[PDB]
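Number of protein chains: 2
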Amino acid sequence: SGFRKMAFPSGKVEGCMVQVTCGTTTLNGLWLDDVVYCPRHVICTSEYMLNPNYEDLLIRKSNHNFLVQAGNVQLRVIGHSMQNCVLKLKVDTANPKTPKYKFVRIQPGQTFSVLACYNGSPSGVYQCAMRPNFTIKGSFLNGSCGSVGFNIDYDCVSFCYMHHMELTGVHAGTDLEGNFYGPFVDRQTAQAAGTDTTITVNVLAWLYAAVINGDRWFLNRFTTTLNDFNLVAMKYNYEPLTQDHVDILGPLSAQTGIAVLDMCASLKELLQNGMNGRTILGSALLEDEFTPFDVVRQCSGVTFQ
Amino acid sequence: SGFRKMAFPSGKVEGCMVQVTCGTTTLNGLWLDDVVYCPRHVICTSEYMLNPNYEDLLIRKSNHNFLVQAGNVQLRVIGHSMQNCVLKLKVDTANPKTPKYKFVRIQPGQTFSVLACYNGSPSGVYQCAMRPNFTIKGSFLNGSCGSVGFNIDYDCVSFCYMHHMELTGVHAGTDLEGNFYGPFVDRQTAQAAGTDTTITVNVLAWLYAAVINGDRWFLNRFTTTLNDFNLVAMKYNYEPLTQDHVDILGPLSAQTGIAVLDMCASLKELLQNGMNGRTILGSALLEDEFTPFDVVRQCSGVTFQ
Ligand SMILES: *C(=N)[C@H](C[C@@H]1CCNC1=O)NC(=O)[C@@H]1[C@@H]2[C@H](CN1C(=O)[C@@H](NC(=O)C(F)(F)F)C(C)(C)C)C2(C)C
Ligand SMILES: *C(=N)[C@H](C[C@@H]1CCNC1=O)NC(=O)[C@@H]1[C@@H]2[C@H](CN1C(=O)[C@@H](NC(=O)C(F)(F)F)C(C)(C)C)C2(C)C
Numbered sequence: 001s002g003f004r005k006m007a008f009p010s011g012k013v014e015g016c017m018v019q020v021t022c023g024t025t026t027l028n029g030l031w032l033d034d035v036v037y038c039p040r041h042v043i044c045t046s047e048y049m050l051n052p053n054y055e056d057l058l059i060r061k062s063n064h065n066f067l068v069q070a071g072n073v074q075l076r077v078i079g080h081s082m083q084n085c086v087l088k089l090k091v092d093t094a095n096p097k098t099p100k101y102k103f104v105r106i107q108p109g110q111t112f113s114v115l116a117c118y119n120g121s122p123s124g125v126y127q128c129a130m131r132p133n134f135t136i137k138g139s140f141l142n143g144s145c146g147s148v149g150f151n152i153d154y155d156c157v158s159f160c161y162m163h164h165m166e167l169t170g171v172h173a174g175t176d177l178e179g180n181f182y183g184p185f186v187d188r189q190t191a192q193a194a195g196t197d198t199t200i201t202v203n204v205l206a207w208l209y210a211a212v213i214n215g216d217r218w219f220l221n222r223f224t225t226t227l228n229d230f231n232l233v234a235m236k237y238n239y240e241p242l243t244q245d246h247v248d249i250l251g252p253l254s255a256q257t258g259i260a261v262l263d264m265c266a267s268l269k270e271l272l273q274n275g276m277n278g279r280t281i282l283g284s285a286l287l288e289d290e291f292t293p294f295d296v297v298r299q300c301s302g303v304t305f306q
Numbered sequence: 001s002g003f004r005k006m007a008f009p010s011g012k013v014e015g016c017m018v019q020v021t022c023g024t025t026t027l028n029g030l031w032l033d034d035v036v037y038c039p040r041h042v043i044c045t046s047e048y049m050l051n052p053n054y055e056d057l058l059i060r061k062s063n064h065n066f067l068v069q070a071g072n073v074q075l076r077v078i079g080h081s082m083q084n085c086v087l088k089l090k091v092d093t094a095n096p097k098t099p100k101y102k103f104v105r106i107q108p109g110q111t112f113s114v115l116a117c118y119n120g121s122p123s124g125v126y127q128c129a130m131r132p133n134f135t136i137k138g139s140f141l142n143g144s145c146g147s148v149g150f151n152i153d154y155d156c157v158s159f160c161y162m163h164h165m166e167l169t170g171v172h173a174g175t176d177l178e179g180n181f182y183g184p185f186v187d188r189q190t191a192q193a194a195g196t197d198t199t200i201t202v203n204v205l206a207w208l209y210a211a212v213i214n215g216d217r218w219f220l221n222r223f224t225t226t227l228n229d230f231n232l233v234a235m236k237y238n239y240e241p242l243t244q245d246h247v248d249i250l251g252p253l254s255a256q257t258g259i260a261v262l263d264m265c266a267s268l269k270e271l272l273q274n275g276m277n278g279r280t281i282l283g284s285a286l287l288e289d290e291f292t293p294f295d296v297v298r299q300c301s302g303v304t305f306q
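Chains as they are written, first to last, in the authors' numbering: chain A, 1 to 167, 169 to 306; chain A', 1 to 167, 169 to 306. A prime marks a further copy of an entry chain.
Source of the hints: derived by calculation from the structure; they are not laboratory data.
It is possible that some hints are incorrect.
Stated by the list, open to error - In silico SDA-like cross-links for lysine to any residue, where the CA-CA straight-line distance does not exceed 25 Å:
# : chain 1 : residue 1 : chain 2 : residue 2
1 : A'      : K5        : A       : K90
2 : A       : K5        : A'      : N119
3 : A'      : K137      : A       : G278
4 : A       : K90       : A       : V73
5 : A'      : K97       : A       : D155
6 : A'      : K269      : A       : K90
7 : A'      : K137      : A       : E290
Stated by the list, open to error - With the C-beta cut set under 7 Å, the calculated list includes, among others, these residues of chain A' facing chain A:
#  : residue
8  : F3
9  : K5
10 : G138
For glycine and all other residues, C-beta sits at the position ideal for the given N, C-alpha and C.
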């Protein structure tokens, strides 16, 4: 028993991190087979940090302008190209530590692990959710660009995020094909994140985790309808709940014998009256960065290798 | 910027996890050079799960009773011995993935990462603190025994924890020499954790992290004395603050220009009046599982390789 913000083991990804230097800019890259992936703004110098034309900047470079290091070994760049906002650097050596992988684009509300890196070197791992406004609430310092987000399925690493920029306290990036999450661009403009909402299906999953772990004080006997719940969710900046979400919560409903709509009636009460000085799983706020699948995984015990 | 419960990258430890089966009991072991370390209660069968004599149980075993698997490869046991509460299994092959390591015993209030494993297979990584009552608030299911806790110093893995048992919602274990943290034994008796307290130096470190990240609302102009603070800390089940703690907080005081005793005056107010519906770094409770060193590491950017 117990419940923790749990990240995926990072070993399979640590073996792919490299350092990429171009000019006076150093950041992180992802080395899979004979391609190094990294943010394209590594080719930016401070004259262009505000309104760059990346096609122009790339044509003025040659392979020898790119310093790529895997620890201490140097990798020789034999070709470069741009795919949207990422740079793909072809190198002379296929990474022997390349895991089975795929590139997936995730949806708001889904969670992943982040391997924060500096100078090609892994620094720490943490779990986070893609927010409904397409930012993540990460922890990133200067030089963290190119750090990646990932999930693990059995033996397969799904890469879903590469870090590009911080926007007033929160973080924005692309999928691994170089397409940004959200309406952001990789230059200095007046862009801000839009209004964030609370991920309702995740809050419900977390309440089920609490019941599984013995926190029952917030339950009640009343139920409610999808439409009467969503009426109250809207007033509190909670995402509306769909039939798809109810079905997703099925396994947790089955394991605890509490109906989804029953649990929604508890959530309704918590939103109207607050916690009144009680905590749930050691939190005094309603937590929305665990998916139904995170809860099953942690309250059932799925491993990977 | 940002602040997350961040764990160490786990790659160096994932390579040491093996599965150990004896009888119908399977759990995890740690394979370093040609020794596999695992909890000694793997030699327990349900007749002895309550009052075992481990010396007797061990003498009735031979090397062939121990099934050790590193993924799919089998390791041949060529010797066994007991050190306090751990079993040391000598095997015929030195682990080629053995990192530079040491065995350290940590103190209450210190943090470490836990690699939760099942059947020798890594499942997830999370960060936690050793509580003042010598338990940890972990997340562990059946079969997690032998999972280890660790820190990383530059290139060196310090192993500090091996998981043995759950006691009413919290978790207890040994250092890697087999000596239990706290007054617990590896059998079924009527043992419970003692009263827990809040780790004050860690709360102060977390308040400095908040200031570094722009949360300033709780500051005030008043200061206080060590003895007047500790007078109020006692009433709230907070650990007393020493001059050693003040010195440890020096770097954070320097970086924010707020004196430790100044920050204590803010903590004093928060304890007497509560948060009054405000949050700090996304929490509505005072967080005590970040050390001063965790905060520096995350708000300065130290890596490892
Ligand atoms: C990559 N190495 C850094 C890491 C950033 C900064 C601290 N934490 C992070 O996540 N990223 C950058 O330097 C990117 C890069 C130019 C500027 N930039 C920023 O992150 C800046 N933000 C913005 O561009 C803004 F404000 F418009 F959102 C900064 C002010 C330094 C936070 C480019 C090409 C966007
Ligand atoms: C190791 N594989 C498990 C993992 C435990 C149980 C679920 N979460 C964990 O951390 N550990 C055990 O099976 C140990 C082992 C016998 C019983 N035990 C327990 O954890 C039990 N607790 C106690 O002994 C108690 F209550 F006294 F504290 C259990 C009731 C199953 C939680 C031995 C040798 C202590």
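Hint numbers not upheld by this structure, sorted from lowest to highest: 1 and 6
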